[PDB]
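Trainee: Build the full structure now, drawing on both the sequences and the hints.
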Amino acid sequence: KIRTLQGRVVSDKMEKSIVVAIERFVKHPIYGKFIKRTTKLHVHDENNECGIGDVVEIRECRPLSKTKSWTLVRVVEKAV
Amino acid sequence: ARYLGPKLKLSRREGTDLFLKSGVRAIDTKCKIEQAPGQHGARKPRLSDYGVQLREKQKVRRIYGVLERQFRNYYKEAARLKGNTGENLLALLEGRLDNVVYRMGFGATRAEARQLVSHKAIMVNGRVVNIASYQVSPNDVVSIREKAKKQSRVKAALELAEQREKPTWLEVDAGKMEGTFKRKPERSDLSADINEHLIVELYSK
Amino acid sequence: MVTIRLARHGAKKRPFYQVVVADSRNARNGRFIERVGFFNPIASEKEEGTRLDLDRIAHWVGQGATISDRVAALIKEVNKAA
Amino acid sequence: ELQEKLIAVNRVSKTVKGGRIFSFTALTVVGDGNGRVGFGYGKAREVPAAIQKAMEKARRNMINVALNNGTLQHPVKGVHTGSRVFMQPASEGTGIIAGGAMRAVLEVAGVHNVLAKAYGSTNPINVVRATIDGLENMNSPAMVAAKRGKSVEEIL
Amino acid sequence: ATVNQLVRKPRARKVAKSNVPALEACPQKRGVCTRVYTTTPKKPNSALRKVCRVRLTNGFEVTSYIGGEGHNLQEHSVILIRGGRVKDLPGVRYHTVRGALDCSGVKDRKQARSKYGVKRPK
Amino acid sequence: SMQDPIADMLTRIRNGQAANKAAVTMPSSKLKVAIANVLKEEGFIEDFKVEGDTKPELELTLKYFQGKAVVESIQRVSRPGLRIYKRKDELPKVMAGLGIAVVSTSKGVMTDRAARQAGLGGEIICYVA
RNA sequence: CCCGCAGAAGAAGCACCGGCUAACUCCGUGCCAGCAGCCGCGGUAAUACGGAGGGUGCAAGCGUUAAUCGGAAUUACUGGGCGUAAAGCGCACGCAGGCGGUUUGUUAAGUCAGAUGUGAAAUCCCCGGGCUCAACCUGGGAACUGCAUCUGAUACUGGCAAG
RNA sequence: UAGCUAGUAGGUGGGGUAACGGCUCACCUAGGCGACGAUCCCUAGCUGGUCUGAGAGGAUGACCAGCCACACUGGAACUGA
Ligand SMILES: [Mg+2]
Ligand SMILES: [Mg+2]
Ligand SMILES: [Mg+2]
Ligand SMILES: [Mg+2]
Ligand SMILES: [Mg+2]
Ligand SMILES: [Mg+2]
Ligand SMILES: [Mg+2]
Ligand SMILES: [Mg+2]
Ligand SMILES: [Mg+2]
Ligand SMILES: [Mg+2]
Ligand SMILES: [Mg+2]
Ligand SMILES: [Mg+2]
Ligand SMILES: [Mg+2]
Ligand SMILES: [Mg+2]
Ligand SMILES: [Mg+2]
Ligand SMILES: [Mg+2]
Ligand SMILES: [Mg+2]
Ligand SMILES: [Mg+2]
Ligand SMILES: [Mg+2]
Ligand SMILES: [Mg+2]
Ligand SMILES: [Mg+2]
Ligand SMILES: [Mg+2]
Ligand SMILES: [Mg+2]
Ligand SMILES: [Mg+2]
Ligand SMILES: [Mg+2]
Ligand SMILES: [Mg+2]
Ligand SMILES: [Mg+2]
Ligand SMILES: [Mg+2]
Ligand SMILES: [Mg+2]
Ligand SMILES: [Mg+2]
Ligand SMILES: [Mg+2]
Ligand SMILES: [Mg+2]
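Residue numbers (the authors' numbering), protein chains in the order written: chain AQ, 4 to 83; chain AD, 2 to 206; chain AP, 1 to 82; chain AE, 10 to 165; chain AL, 2 to 123; chain AH, 2 to 130.
Hints should not be assumed to be uniformly reliable.
Computed list of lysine-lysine pairs in DSS-like fashion (alpha-carbon distance at most 25 angstroms, straight line) [to be verified]: (1) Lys41(AH) x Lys89(AH); (2) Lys159(AE) x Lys64(AH); (3) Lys87(AH) x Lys86(AE); (4) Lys10(AL) x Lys39(AQ); (5) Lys51(AL) x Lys123(AL); (6) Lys22(AD) x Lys151(AD); (7) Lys177(AD) x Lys148(AD); (8) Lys14(AE) x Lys45(AD); (9) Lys22(AH) x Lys159(AE); (10) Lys89(AH) x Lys30(AQ); (11) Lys30(AQ) x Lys108(AH); (12) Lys36(AQ) x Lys33(AH); (13) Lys36(AQ) x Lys10(AL); (14) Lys87(AH) x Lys30(AQ); (15) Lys206(AD) x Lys62(AE); (16) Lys86(AE) x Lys77(AD); (17) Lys30(AQ) x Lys94(AH); (18) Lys50(AH) x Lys159(AE); (19) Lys30(AQ) x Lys10(AL); (20) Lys56(AH) x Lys159(AE); (21) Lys86(AE) x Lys94(AH); (22) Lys41(AH) x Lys159(AE); (23) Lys87(AH) x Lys39(AQ); (24) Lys86(AE) x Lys177(AD); (25) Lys206(AD) x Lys159(AE); (26) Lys22(AH) x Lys50(AH); (27) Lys36(AQ) x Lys87(AH); (28) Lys33(AH) x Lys86(AE); (29) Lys36(AQ) x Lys89(AH).
Chain AE regions said to be covered by chain AH (calculated; three or more residues, Cβ under 8 angstroms) [said to hold, decoys possible]: (30) 82-90; (31) 142-155.
Calculated Cβ distances over 12 angstroms to all of chain AL for the following chain AQ residues [unchecked claim]: (32) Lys36; (33) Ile38; (34) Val76; (35) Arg77.
In case anyone wonders, no lab produced these hints; they're calculated from the structure. Cβ atoms here follow ideal geometry from the backbone N, Cα and C, with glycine treated the same way.
Mentor: Put into structure tokens, the structure is as follows:
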């Protein structure tokens, strides 16, 4: 078991790379309402396997570029 | 740090006898105890809620001879301590060393007792204690040292105390001039004229 | 290096030393790795005054920690008393 | 044993052809110290008469209050038009922590340990009315047991 | 009011301006009397109230009341000003301190001497 | 739109008690039935009866004692605009323990006291006094 | 720190007293001089100005000024409101967003439970201990409402599938 | 203050670092950030804590301790773990 996060692929244009929103459903500090917050992450994906809209599991790793410190581990729900 | 003014003046203002005199001579003979001090004594204005609370607090402070900052500290300590706050405050005040000396009878007044304590006449557990605010604890022996044991004031004070009502919470030996502070007094043990509740409200405005 | 030394605490003329493990570079009362005892030089009779967690000290020494001269003296005293 | 105390005395005026007519209103509150409290609002041309009228009114139309060991039965809110009032039971020795009018009403009622606050308007008559209403509505565990058709032990 | 609305745009604390901004959160400040004059009070009062328009060390040109009966002030007279308005001079927000630099203590005062910079008589 | 059926049910109960209605009917749901069951157990209503197959109707029989309503107050707490969840140490005591608080836990809808006894928190549906 | 020496000897002021707010009189002035935190006071009987006597409150300090929170439910999450007091867009349509009737299955994201790790020391609080007492120092606890990971529960909310 | 960015975003390969890395360079791709506030402007050392408050909050960051930055102003490296 390794630490990993799931997220929808917000973009897949930059080659070998995808952007993966990691929406978390946090509670508001004061008002107590539960707000959908988002976390964009530049994820490395070799072979350009991922599509846009694709759900994808990712893990943290040594930084591969200026913005890219995550790698994909497995794709799920990769329908179009 | 001490009130150095007229004492029957304070008593008259309060209404009660605060025991600021030895009690050889009656307060009615020493002053117009009924009438309040000053030009406008022969008048009793209707007292506000704040006023009554303040008067009670003043009475207690005068009785023991504690200035306000010290009194406030006492109140805070009492509040912090578990149980009833007014009761705790009364207990602390009683616990004071000058007060215990007075109760035992090594002084006609608390002013006299305080003087003795300051001047190093009083030993607590065979150790000369000098502070009047010193909290005496249960099972504490408190004694006149020999140099003050020859004092005619001390022996006179003892006689007066014998006349007075003896406290249940102390045990005192007149020949030895030593008393054991067995326990801190309970509210039923202290005087009923004191309305500690007013004081609690005042310091919890 | 890591050392075991006294840190001065208390009031003026009434020192109370906390025995602490700390990187020697750090200031006397500053950053420290572990607090492994205390020492009270004005402590009266019928008071403990000294207390060194000897096991921890042994562990740190094993790791390679130097010991202040005063702390060493304290250790000796503790051993004799016990 | 019917302890009574006057909260507020207020001078009010009427205007007539001649000039102004002054009169006094007295808001008093009586209570037996075991649960019963009642307030009264008297009006007369002079203060003592007004107070007497108020006292008579208060002495009549009292209301019973479920007190648990000299304290409230549960935290209760109360409103009366501007005066919205909150009052909460507190540990023995807390004393009455309550405003003016509120303190009076509670004390005569017989509550020895309460934490109160008056929100909204603090107009004595309305605030007293609010407090009495709140105290009246406050039910006890025997009452809740009766309502729900259980024993008091099942509810606790 | 709606929780969503609050989340969107939370509640603004009511930023209270100071009523003595020339002090600039200082308890007092020094200045030089640009001009010393008397002025008329507001509609429930009649007087000739003594006041001095003063340039402060920090640039501000304020107006300052001069309390006490009589004063030894004139142009180019270095004074200390403190907080406090004359409710009845409109726009006067500061008092001079009697018993400071150029300002003298009040003459022949026996009461509130501390308020008017007067030393204790024998 | 109807956006809160539990709230609607609570409101119906309140209005029925106000208006001295003997019974109150509403579209049945499983959550509603569970809440109703809890209410019956605690004794704030006399009975409930689900009736129908295609679109079933819950019929609650309301409870009166001395001419006045048994359910003195009944407020929704968690609601779609603002969900409320509490932990076992944070579970509320309604009317200082006299009234009950309906809590949806992992082990089904139960009163606050029951939930506390079990040792788990959940969605605080409503207070009832 | 202790012992001795002499002698009440060397040691009390500051503010206030119309209401809020504990404490009142006389004289002087006469909308002047002045006061004032608010409301107000003073135009010839001023408990409000100034002096005196008397009193009240603090006391080696006492007032004033500045500053923050409180009271202030006066930005209202707890905890406000919008017919006439300030406040419903002139009316609609509609994207983002917020919310979502009813049943079953599934997931376990929110939620809940347990554990583990961490949450420096000081500080705060509790029971003790040491300075003659206190302040102050100090032993041990409690707390640090948090965050992370793992293992569960699945009623509710979310996702997915069929109705 | 609604658009900002060309080493800019990503890739391949060299170089460089004690170390990963547009850190740097050549080429390729045309990306990347942004109404969950980018960019721009004003203010500010951060925290344990401190004051206040029943709490939730509000204000604050002297002293003591942890972290950071600076050393007349602006750049630069050398020595060295
Ligand atoms: Mg002092
Ligand atoms: Mg403004
Ligand atoms: Mg006037
Ligand atoms: Mg008065
Ligand atoms: Mg004055
Ligand atoms: Mg005259
Ligand atoms: Mg006169
Ligand atoms: Mg006045
Ligand atoms: Mg006067
Ligand atoms: Mg507020
Ligand atoms: Mg309003
Ligand atoms: Mg309008
Ligand atoms: Mg309209
Ligand atoms: Mg639904
Ligand atoms: Mg949706
Ligand atoms: Mg989960
Ligand atoms: Mg700590
Ligand atoms: Mg001790
Ligand atoms: Mg589900
Ligand atoms: Mg579902
Ligand atoms: Mg490279
Ligand atoms: Mg290379
Ligand atoms: Mg700066
Ligand atoms: Mg800085
Ligand atoms: Mg508050
Ligand atoms: Mg500094
Ligand atoms: Mg540097
Ligand atoms: Mg330098
Ligand atoms: Mg310089
Ligand atoms: Mg340089
Ligand atoms: Mg070297
Ligand atoms: Mg080198």
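Trainee: Now tell me if each hint is right for this structure.
Mentor: Okay, the hints, checked on the actual structure:
Pair hint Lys41(AH) plus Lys89(AH) holds up; C-alpha atoms about 24 angstroms apart against a cutoff of 25 angstroms. Only pairs whose Cα atoms come within 25 angstroms are accepted, and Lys159(AE) paired with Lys64(AH) is accepted, the gap being roughly 14 angstroms. Taking the CA atoms of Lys87(AH) and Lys86(AE), the gap is near 24 angstroms; set against the 25 angstroms cutoff, the hint holds. Distance check on the hinted pair: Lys10(AL) and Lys39(AQ) sit about 16 angstroms apart at the alpha-carbon level, within 25 angstroms; holds.
For a cut-off of 25 angstroms, the pair hint linking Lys51(AL) to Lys123(AL) is broken: about 30 angstroms separates their Cα positions. Restraint check: the Cα-Cα separation between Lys22(AD) and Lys151(AD) comes to about 23 angstroms, which is no more than 25 angstroms; the hinted pair holds. With a C-alpha separation of about 13 angstroms, the suggested pairing of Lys177(AD) with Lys148(AD) holds against the 25 angstroms cut-off. A hinted pair counts as satisfied when its Cα atoms are at most 25 angstroms apart, and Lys14(AE) with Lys45(AD) qualifies at roughly 20 angstroms.
With a C-alpha separation of about 23 angstroms, the suggested pairing of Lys22(AH) with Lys159(AE) holds against the 25 angstroms cut-off. The straight-line distance between the Cα atoms of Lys89(AH) and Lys30(AQ) is roughly 19 angstroms, inside the 25 angstroms bound, and the hint therefore holds. For the given pair, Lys30(AQ) sits about 24 angstroms from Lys108(AH) by alpha-carbon distance, which is consistent with the 25 angstroms threshold. Restraint check for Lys36(AQ) and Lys33(AH): satisfied, since their Cα atoms lie roughly 24 angstroms apart, inside the 25 angstroms limit.
Straight-line distance between C-alpha atoms of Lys36(AQ) and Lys10(AL) comes to about 14 angstroms, which keeps the hinted pair within the 25 angstroms bound. For the hint pairing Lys87(AH) with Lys30(AQ), the CA-to-CA distance comes to about 13 angstroms; that is within 25 angstroms, so the pair holds. The straight-line distance between the Cα atoms of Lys206(AD) and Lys62(AE) is roughly 32 angstroms, outside the 25 angstroms bound, and the hint therefore fails. In summary, the hint linking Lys86(AE) to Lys77(AD) is not supported, as the alpha carbons are separated by about 31 angstroms, beyond the 25 angstroms threshold.
Only pairs whose Cα atoms come within 25 angstroms are accepted, and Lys30(AQ) paired with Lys94(AH) is accepted, the gap being roughly 23 angstroms. Our distance criterion of 25 angstroms between C-alpha atoms is met by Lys50(AH) and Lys159(AE), whose separation comes to about 22 angstroms. With a C-alpha separation of about 16 angstroms, the suggested pair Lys30(AQ) and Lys10(AL) falls inside the 25 angstroms cut-off, and the hint holds. Using a Cα cut-off of 25 angstroms, the hinted pair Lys56(AH) and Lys159(AE) is violated, with the two alpha carbons roughly 35 angstroms apart.
This hinted pair checks out: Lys86(AE) and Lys94(AH) have alpha carbons roughly 16 angstroms apart, not beyond 25 angstroms. Taking the CA atoms of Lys41(AH) and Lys159(AE), the gap is near 12 angstroms; set against the 25 angstroms cutoff, the hint holds. With a CA separation close to 20 angstroms, the supplied pair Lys87(AH) and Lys39(AQ) stays within the 25 angstroms bound. For the suggested pair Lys86(AE) and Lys177(AD), the alpha carbons sit about 64 angstroms apart, so the restraint of at most 25 angstroms is broken.
Our distance criterion of 25 angstroms between C-alpha atoms is broken by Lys206(AD) and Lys159(AE), whose separation comes to about 43 angstroms. Pair hint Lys22(AH) plus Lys50(AH) holds up; C-alpha atoms about 16 angstroms apart against a cutoff of 25 angstroms. Of the pairs offered as hints, the one joining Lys36(AQ) and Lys87(AH) holds, with about 14 angstroms between alpha carbons and a cut-off of 25 angstroms not exceeded. Of the pairs offered as hints, the one joining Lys33(AH) and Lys86(AE) is violated, with about 29 angstroms between alpha carbons and a cut-off of 25 angstroms exceeded.
The hinted pair formed by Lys36(AQ) and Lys89(AH) meets the criterion: a straight-line CA distance of about 20 angstroms does not exceed 25 angstroms. Coverage of the segment 82-90 of chain AE by chain AH holds. Counting CB-CB distances below 8 angstroms, 3 residues qualify, and the rule asks for three or more. Closer than 8 angstroms: that is the beta-carbon criterion, and the segment 142-155 of chain AE has 4 residues meeting it against chain AH, so the requirement of 3 holds. The claim that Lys36(AQ) is not at the interface with chain AL is violated, since a C-beta of that chain comes within 12 angstroms of its own (minimum 5 angstroms).
Separation of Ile38(AQ) from chain AL is inadequate, the least Cβ-Cβ distance of about 7 angstroms not exceeding the 12 angstroms criterion. Every CB of chain AL lies more than 12 angstroms from the CB of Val76(AQ), the least distance being 34 angstroms, so the non-interface label holds. Listed as a non-interface residue, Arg77(AQ) keeps its Cβ farther than 12 angstroms from every Cβ of chain AL; the least gap is roughly 35 angstroms.
Consistency note: the structure conflicts with the earlier hints numbered 5, 15, 16, 20, 24, 25, 28, 32, 33.
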